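Using the sequences provided together with the hints, build the complete structure.
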Amino acid sequence: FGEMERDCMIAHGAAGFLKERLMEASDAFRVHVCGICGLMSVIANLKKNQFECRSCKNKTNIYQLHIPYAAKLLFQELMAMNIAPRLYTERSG
Amino acid sequence: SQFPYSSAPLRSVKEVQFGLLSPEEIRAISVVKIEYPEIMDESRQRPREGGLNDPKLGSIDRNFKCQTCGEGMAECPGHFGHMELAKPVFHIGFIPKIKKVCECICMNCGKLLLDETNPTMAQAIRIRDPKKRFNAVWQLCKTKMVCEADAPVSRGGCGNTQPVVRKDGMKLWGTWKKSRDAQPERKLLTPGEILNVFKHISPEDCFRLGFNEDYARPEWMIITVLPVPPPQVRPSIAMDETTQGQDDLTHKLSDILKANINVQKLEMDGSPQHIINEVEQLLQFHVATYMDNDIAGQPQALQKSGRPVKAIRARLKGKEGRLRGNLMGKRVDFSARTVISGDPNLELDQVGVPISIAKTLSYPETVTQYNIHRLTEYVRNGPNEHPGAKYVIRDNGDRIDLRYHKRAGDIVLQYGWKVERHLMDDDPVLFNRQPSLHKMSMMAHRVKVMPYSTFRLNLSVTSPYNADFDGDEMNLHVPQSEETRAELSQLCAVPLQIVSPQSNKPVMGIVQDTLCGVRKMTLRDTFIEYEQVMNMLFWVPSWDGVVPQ
Amino acid sequence: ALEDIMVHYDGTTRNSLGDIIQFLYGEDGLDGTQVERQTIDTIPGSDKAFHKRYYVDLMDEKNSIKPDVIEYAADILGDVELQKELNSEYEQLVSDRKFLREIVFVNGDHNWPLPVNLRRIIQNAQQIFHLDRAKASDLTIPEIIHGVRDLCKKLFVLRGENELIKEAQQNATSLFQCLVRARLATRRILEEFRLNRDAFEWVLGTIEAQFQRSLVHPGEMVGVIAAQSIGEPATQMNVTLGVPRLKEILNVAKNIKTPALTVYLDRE
Amino acid sequence: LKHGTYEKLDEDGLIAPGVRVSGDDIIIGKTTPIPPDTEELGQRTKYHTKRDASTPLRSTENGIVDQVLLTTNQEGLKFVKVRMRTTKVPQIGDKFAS
Amino acid sequence: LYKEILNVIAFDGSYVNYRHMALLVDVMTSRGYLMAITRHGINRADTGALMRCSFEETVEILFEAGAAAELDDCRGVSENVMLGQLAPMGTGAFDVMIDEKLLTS
Amino acid sequence: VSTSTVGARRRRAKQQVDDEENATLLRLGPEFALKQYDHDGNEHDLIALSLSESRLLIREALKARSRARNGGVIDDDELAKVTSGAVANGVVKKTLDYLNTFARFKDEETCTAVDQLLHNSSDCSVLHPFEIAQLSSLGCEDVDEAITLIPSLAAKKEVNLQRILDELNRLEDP
Amino acid sequence: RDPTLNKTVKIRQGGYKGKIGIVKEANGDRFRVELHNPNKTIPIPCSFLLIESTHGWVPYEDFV
Amino acid sequence: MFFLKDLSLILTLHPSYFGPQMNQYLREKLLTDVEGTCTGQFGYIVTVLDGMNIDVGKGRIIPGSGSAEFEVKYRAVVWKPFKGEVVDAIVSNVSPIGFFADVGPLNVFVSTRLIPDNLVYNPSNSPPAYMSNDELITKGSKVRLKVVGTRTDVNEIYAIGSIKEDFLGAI
Amino acid sequence: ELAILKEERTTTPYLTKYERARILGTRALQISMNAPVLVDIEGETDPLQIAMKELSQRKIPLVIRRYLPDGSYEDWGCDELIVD
RNA sequence: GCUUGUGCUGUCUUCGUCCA
Ligand SMILES: [Mg+2]
Ligand SMILES: [Zn+2]
Ligand SMILES: [Zn+2]
Ligand SMILES: [Zn+2]
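Chains as they are written, first to last, in the working numbering: chain Z, 684 to 776; chain V, 125 to 673; chain D, 4 to 271; chain U, 81 to 178; chain B, 19 to 123; chain Y, 33 to 206; chain X, 34 to 97; chain L, 7 to 177; chain W, 69 to 152.
Check before you lean on any hint, since a few could be wrong.
[To be verified] The following label-pair restraints were derived from C-beta to C-beta distances: (1) V:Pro575 to X:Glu58: 45 to 51 Å; (2) B:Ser48 to Y:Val49: 50 to 56 Å; (3) W:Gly139 to Y:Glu53: 35 to 41 Å; (4) B:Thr56 to Y:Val49: 51 to 57 Å; (5) L:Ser101 to Y:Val49: 36 to 42 Å.
[Said to hold, decoys possible] BS3-like cross-link-like pairs, simulated, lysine-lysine; straight-line CA separation at most 30 Å: (6) X:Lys50 to U:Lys110; (7) V:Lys221 to V:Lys235; (8) L:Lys35 to Z:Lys742; (9) Z:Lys755 to V:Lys221; (10) V:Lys221 to V:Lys189; (11) Y:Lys46 to L:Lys35; (12) Z:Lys755 to V:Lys235.
[Stated by the list, open to error] Facing chain Z, according to a computed beta carbon distance under 7 Å, are these residues of chain V, among others: (13) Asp185; (14) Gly194; (15) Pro353; (16) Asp457; (17) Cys616.
By construction, these hints were calculated from the structure, which means they are not laboratory data.
Using N, Cα and C, we set each Cβ at its ideal position, and we do this for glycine too.
Structural data, given as structure tokens:
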């Protein structure tokens with residue numbers, strides 16, 4: 684599903700179909716993010732039910748996101764080049 | 125519902141804040157320190173701790189679990205490590221920016237060469253945009269070549285003359301006009317010295333330069349500690365049945381770590397300055413070509429085969445890069461492709477689908493009291509007969525593969541379960557031909573299951589697709605949800621696309637032998653007898669049963 | 004370049020930053036699939052033909068409405084209030100003719116894409132209400148005048164009571180109101196189309212409903228549609244022209260291949 | 081092992097000419113040795129010492145085995161070639177030209 | 019600009035509706051000066067870094083965004099596409115709430 | 033699970049010493065700071081509650097809920113059993129027992145008089161609400177005892193602590 | 034596991050009478066048999082088969 | 007110490023409950039999910055004031071799943087211990103390593119290393135107790151202790167007290 | 069604050085095509101997940117057809133929140149928007 | 001008494017198919 688097909692689906696106005704194509708029919712992934720630093724550095728043990736961002740030293744302000752696996756890979760490669768992409772779930776102003 | 129339960133609330137991303145990573149943050153988010161170049165412990169499995177494939181960095185194996193989060197390969201995202209460098213080095217992407225900042229400030233007392241007393245400087249301060257603010261401040265302070273001990277009343281200036289800094293390779297040279305003519309000396313500006321100078325810059329001066337005290341600090345452009353990506357970023361491959369080859373990034377990190385140990389041992393034992401310079405330039409070259417191997421004006425880092433090293437930068441650019449190749453467009457599931465054929469006996473919004481393609485593709489239908497009997501009939505039919513089904517999905521998400529189930533005839537369906545039934549008649553599907561020049565290249569059709577291995581189209585839709593039947597192929601996409609089916613059937617359907625907004629005229633018409641025949645049949649001297657008239661009238665689906673006089 | 008441009012619920016066209024690109028999409032706020040070529044009847048012709056077609060004089064007996072087309076033909080001559088209404092209609096038509104001929108279309112072109120096909124609506128009304136036969140019409144002239152005048156103030160492109168909103172709304176429907184007034188003229192309705200009361204009310208309601216249905220929908224990604232609509236002809240295609248000239252225009256090249264001036268001289 | 085069948089192989093690990101083959105069926109049986117696990121704790125005849133490296137037929141193809149070749153390579157190890165034969169009848173969607 | 023584009027399009031007999039070229043030249047002249055449809059025109063805007071990097075000069079744009087501590091508000095379609103979210107366009111330009119008042123009936 | 037009305041608090045670089053919870057230093061953290069915000073965003077003060085005030089509030093709320101659930105038609109056990117959840121029932125039973133066995137003021141009017149004395153007093157206009165709650169809860173008898181148990185009151189020597197304690201003992205039912 | 038998997042079989046009834054095949058899938062009575070000449074696999078009930086043995090063709094019941 | 011706090015909860019409702027009784031069902035679900043819970047950030051939530059008149063607002067339909075998400079804001083009474091605070095307690099169990107007390111729902115453990123030496127544990131006593139010449143502390147005896155450390159769990163709080171300072175011990 | 073009072077609503081009173089598609093999809097999904105139906109179904113079984121029947125009779129219990137570019141919004145009931 | 005096994009490389013190069 685190339686870029687031109689994406690533009691055609693934008694021109695149709697079908698946002699739900701585009702989201703389903705690019706996530707459910709492809710690399711859908713779930714990550715946890717700290718609510719303070721906004722980094723994907725949470726250490727989650729789901730069956731032990733314990734979450735922790737060791738850097739920010741917090742256990743309660745943690746969320747889960749559904750993002751493409753390629754987006755996760757891109758953010759990790761950016762982090763490898765010392766760039767800090769921080770994902771926040773609220774606006775500031 | 126394909127992910128195991130987590131008590132963390134589910135939210136979406138509203139803002140992305142960019143910035144640089146501080147050494148404190150790199151040390152804090154790390155789970156282990158990488159200091160051993162050897163990948164394998166003793167060539168007897170169980171990779172060495174503190175190495176580039178430490179088991180705390182994450183698990184990329186089916187039977188092994190991550191020692192940091194305890195999750196399996198499917199769920200573990202990978203964890204970062206760090207690698208302390210013996211000497212600081214430049215980040216290859218920020219060297220011109222470091223040069224411009226060095227021009228902007230004073231190399232001895234870390235202060236801007238000009239203050240707000242100059243009205244032009246105040247105007248340069250006023251602009252909110254950090255890039256333009258930095259550009260203006262740089263355009264001003266570049267001219268100023270001497271720190272002012274007193275106000276042009278002491279501004280804290282040390283009075284020293286500002287050198288001329290020129291870039292060559294990754295090395296900056298600061299030419300001081302030491303005290304008409306004299307003998308000027310150009311001395312190397314080592315990364316440690318610039319780092320120390322940047323570290324003394326006040327927060328307010330940092331803000332004046334367009335940097336941010338919290339996220340983007342000027343001394344963080346110098347690498348003192350290197351984050352180590354998890355194995356998920358740099359997976360190993362299986363070249364043959366036995367030997368497995370390491371990724372390019374792993375080899376480059378091994379080279380960096382060897383150079384670091386070399387620098388450290390050399391400094392500790394005995395220090396001829398020339399040898400220090402050689403080995404430290406080797407370390408700088410390795411760190412620079414680990415991130416950018418397309419540096420102009422110097423040779424590329426090569427593999428043992430002679431092919432150049434694949435750097436991180438080259439993973440993100442081009443058609444096959446991360447952005448264009450895996451985010452703006454990707455390969456998707458639930459799709460089909462085959463040759464297309466014409467069918468005069470199909471409706472305008474119908475598509476003929478081969479039986480094998482209908483058996484392969486599926487739609488997950490929710491079991492309700494309106495369809496439970498039909499769905500259990502489909503489940504009894506099985507994955508090899510049409511109309512059948514391929515999977516039964518429980519509420520908890522466990523799939524039941526109907527191929528390898530010995531009691532598929534004894535499966536009882538509960539409300540709320542999902543059945544992945546075969547593609548059936550009148551299911552909306554998206555149909556597409558490349559290149560997709562306009563929005564009429566993707567339209568939603570209705571499925572009709574037919575024999576033989578081609579897709580079948582009404583001939584009036586061949587114009588918007590720009591298709592013919594001399595070998596062309598077209599793609600088909602199956603929606604997987606009720607909302608997505610409604611979107612396809614109410615927005616992208618073929619009848620809704622008859623008139624195009626480009627020229628406010630139709631894009632579909634009568635073509636080919638239908639056009640020739642309608643010209644021939646409507647000539648003034650064409651007459652038809654009663655029996656043929658009855659046949660032609662019965663051929664009309666919308667005919668009301670009344671024969672005209 | 005155009006991917007993030009969308010029509011919003013206030014009618015404006017904006018990008019992802021909220022910067023306004025157009026205060027109304029297409030300067031008329033209409034969808035590109037809802038317009039057809041129609042002729043504006045006040046633009047062409049001579050002054051004699053325009054006067055003969057549109058002027059109704061209730062004093063002179065040979066330049067009035069025909070007596071076999073209206074049942075009230077007797078008590079019509081000599082009225083002054085009705086003559087004032089007819090004069091107001093004619094002055095509005097003359098103003099429309101001046102406006103179109105002097106500001107909008109100066110070369111006399113009068114076949115332009117507009118919404119709501121009026122000819123189709125009129126012939127549909129004629130077919131539905133059986134407007135054939137020489138039967139006189141019961142449609143009074145003030146009814147025609149007030150119906151057309153009220154119709155020309157219910158074509159809502161923008162909603163609101165602010166004065167700027169009203170000015171923009173009046174601006175957006177100028178050409179369409181000119182078309183409607185040129186077609187639904189009193190003499191034309193009474194003689195050429197021969198509508199009655201029921202047909203007239205049906206035509207007014209149909210015009211209003213169809214104009215409401217021709218507006219662009221908020222949420223449209225008109226930028227991508229414009230990009231595809233411009234790039235599609237480029238696929239199928241001494242002054243440089245074609246694809247190199249399109250490249251020169253889109254790149255804003257400083258040195259074009261064939262610079263040229265178009266110099267116009269004074270009349271003499 | 082793979083999901084395909086192995087009953088069409090002979091003692092020498094090679095299929096014989098004249099046998100019907102469907103997709104994924106195994107036509108060449110090959111194994112490579114592997115250092116045994118702690119299964120010497122006691123597994124009389126069921127301790128794994130080999131890993132399967134067999135060659136399956138292409139999933140989209142089927143036909144008849146036409147000829148099986150056995151020889152030795154330049155180095156000196158065994159070397160096999162299996163040829164499959166099938167008939168293709170024209171149908172809807174096949175390309176022709178003058 | 020509209021006259022030149024119309025000349026180029028209409029020379030070979032083709033026809034394009036006015037609103038498309040009007041939107042194009044309005045984007046090309048909205049900033050007070052001529053903005054070319056190139057990286058020098060498009061990528062010198064105030065849009066988000068993620069939206070600009072996906073066109074051209076990806077790594078340079080990301081390095082500049084990191085050094086400048088840019089904040090992407092994720093309002094464009096490209097950011098939501100590459101984050102796997104419902105883009106604020108078409109059917110995603112509004113929200114759907116549950117009408118408790120009507121449900122009483 | 034439940035989220036406070038205070039949000040944001042993003043990453044920075046400075047570290048402060050007024051971050052650890054400490055009753056003696058009167059550092060109650062951000063979520064229990066002296067300044068709070070309601071659902072309307074208006075200014076709001078931290079609301080401490082003594083055992084008398086807490087007992088009155090829990091009894092009032094529980095009896096209101098019990099009356100509402102019964103169609104608008106005193107025992108602690110039945111009132112605890114009104115609530116749902118076995119662990120919730122155990123928690124409310126433990127709180128009811130703790131409050132009952134340490135109730136300094138079981139009367140509404142006595143609690144009202146205590147609250148008015150501890151609020152409208154000029155000396156108490158500077159006292160932190162946590163200090164007020166601790167004084168009304170622990171039932172101290174001596175200034176030295178109160179200072180030892182509550183170190184924050186040592187720095188506030190402009191408070192007529194002894195007479196306030198004697199008034200509290202007088203109001204306390206023997 | 035059925036004793037008829039990967040065994041040569043002959044069809045005795047229906048539209049494919051007298052065609053030699055091999056049993057590939059056998060779950061509940063609907064044996065999947067590939068046909069030697071037509072490159073296809075067809076479903077068939079166990080009643081319509083004839084399993085080869087060392088002494089001629091045997092019916093399904095008389096073999097299991 | 008007890009406090010009044012303005013709390014919020016996110017409640018997700020399945021479409022099968024989209025009926026006229028949606029508001030009351032959400033209220034009872036909120037009560038069952040809030041009353042008696044223990045969150046380390048806040049402490050212990052004991053009761054919710056005005057529990058039958060809580061505004062729930064309008065729920066937002068989650069795209070792709072149909073279920074509505076509700077934001078419910080409420081005021082509740084919350085109790086949380088603090089480091090360095092002196093509170094009363096009741097001894098619940100006696101052990102050689104120390105004694106376990108109960109402060110409402112919270113259980114506080116005090117080790118012998120934080121107990122004065124004269125309060126020697128007597129296991130022969132009926133019931134077993136930590137007794138001195140003039141003091142005798144056993145099960146059910148009123149004790150005044152000072153909270154020194156607090157341990158936070160996923161949905162539990164563990165506190166550690168001490169009685170080695172003045173104005174502590176038996177009361 | 070961001071909410072706009074019902075008397076001064078200035079957006080179009082007609083249901084757009086995107087809103088119609090999204091409302092039909094959401095209602096069909098809810099019906100397929102066992103939500104109560106507010107219209108009498110004669111013999112209809114398909115959730116989308118039932119949703120369309122509900123829409124034609126103005127019985128869909130959903131609210132559309134239309135967002136303005138500045139951040140404010142208007143709330144419109146599905147029963148007070150004109151549908152063609 | 002006897003029970004059926006559960007998956008796949010990477011990187012280049014060349015030749016092709018349908019549009020343009
Ligand atoms: Mg072709
Ligand atoms: Zn964090
Ligand atoms: Zn892990
Ligand atoms: Zn200086």
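Status of each hint after checking the structure:
no.: 1; hint: V:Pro575 to X:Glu58: 45 to 51 Å; result: violated, 23 Å
no.: 2; hint: B:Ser48 to Y:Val49: 50 to 56 Å; result: holds, 52 Å
no.: 3; hint: W:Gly139 to Y:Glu53: 35 to 41 Å; result: holds, 37 Å
no.: 4; hint: B:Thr56 to Y:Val49: 51 to 57 Å; result: holds, 54 Å
no.: 5; hint: L:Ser101 to Y:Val49: 36 to 42 Å; result: holds, 37 Å
no.: 6; hint: X:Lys50 to U:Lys110; result: violated, 38 Å
no.: 7; hint: V:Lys221 to V:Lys235; result: holds, 17 Å
no.: 8; hint: L:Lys35 to Z:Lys742; result: holds, 25 Å
no.: 9; hint: Z:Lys755 to V:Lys221; result: holds, 28 Å
no.: 10; hint: V:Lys221 to V:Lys189; result: violated, 43 Å
no.: 11; hint: Y:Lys46 to L:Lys35; result: violated, 42 Å
no.: 12; hint: Z:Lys755 to V:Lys235; result: violated, 40 Å
no.: 13; hint: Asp185; result: violated, 18 Å
no.: 14; hint: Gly194; result: holds, 5 Å
no.: 15; hint: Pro353; result: holds, 4 Å
no.: 16; hint: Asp457; result: holds, 4 Å
no.: 17; hint: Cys616; result: holds, 5 Å
Comparing the model with each numbered hint stated earlier shows that hints 1, 6, 10, 11, 12 and 13 do not hold.
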